[PDB]
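Participant: Given the coordinates of chain B, work out where chain A should sit on it, guided by the hints.
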Amino acid sequence: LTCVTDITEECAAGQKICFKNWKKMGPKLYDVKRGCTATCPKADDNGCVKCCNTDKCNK
Amino acid sequence: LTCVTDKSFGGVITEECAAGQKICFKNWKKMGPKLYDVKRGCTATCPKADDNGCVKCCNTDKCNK
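Line order of the protein sequences matches chains B and A. Going by the deposited numbering, the letters in the first sequence line up with residues 1 to 6, 13 to 65, in that order. Going by the deposited numbering, the letters in the second sequence line up with residues 1 to 65, in that order.
Isolated chain B (complex conformation):
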């Protein structure tokens, strides 16, 4: 599996998911984290997460 990082990368043996994670910096302003993972991350109360499992689905 290949996931976006910023740049891209190939995930560890057991990592079959790419993620996007909206972290709030201020009103209307969110820092979006992207990368490989094995378990879909939990979202912040004021955030949102999207998880997918094909090559760089997480553009």
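Everything labelled a hint here was simulated from the structure, so no lab data went into it. All the pointers check out, no bait thrown in.
EDC-like, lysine to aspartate or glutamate: derived pairs with alpha carbons at most 16 Å apart:
{"id": "1", "chain 1": "A", "residue 1": "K65", "chain 2": "A", "residue 2": "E16"}
{"id": "2", "chain 1": "B", "residue 1": "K65", "chain 2": "A", "residue 2": "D50"}
{"id": "3", "chain 1": "A", "residue 1": "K29", "chain 2": "B", "residue 2": "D37"}
{"id": "4", "chain 1": "B", "residue 1": "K65", "chain 2": "B", "residue 2": "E15"}
{"id": "5", "chain 1": "B", "residue 1": "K30", "chain 2": "A", "residue 2": "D37"}
{"id": "6", "chain 1": "A", "residue 1": "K65", "chain 2": "B", "residue 2": "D51"}
{"id": "7", "chain 1": "A", "residue 1": "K34", "chain 2": "B", "residue 2": "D37"}
If you want the ones that stay clear, here's a sample from chain A, every Cβ over 12 Å from chain B, calculated:
{"id": "8", "residue": "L1"}
{"id": "9", "residue": "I13"}
{"id": "10", "residue": "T14"}
{"id": "11", "residue": "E15"}
{"id": "12", "residue": "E16"}
Derived coverage of chain A by chain B (criterion: at least 3 residues anywhere in the stretch with Cβ under 8 Å from a Cβ of chain B; other residues may be distant):
{"id": "13", "stretch": "26-38"}
{"id": "14", "stretch": "54-60"}
We treat Cβ as the ideally placed atom computed from N, Cα and C, and that holds for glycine.
Facilitator: What follows is chain A alone, placed relative to chain B:
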């Protein structure tokens, strides 16, 4: 059910949903790098997100702050 409908400059508005609208939603629509307008309101079916977005759906009062 009561859901948030708009949020701007510290003030929010809310509303009571119709009989068949049993979910509140948040919808991240992209305006620029790291810049998102979050749409909020009542709905009956949770909407699909834009390819470049994200959606959160909940069903308690003003869950969608």
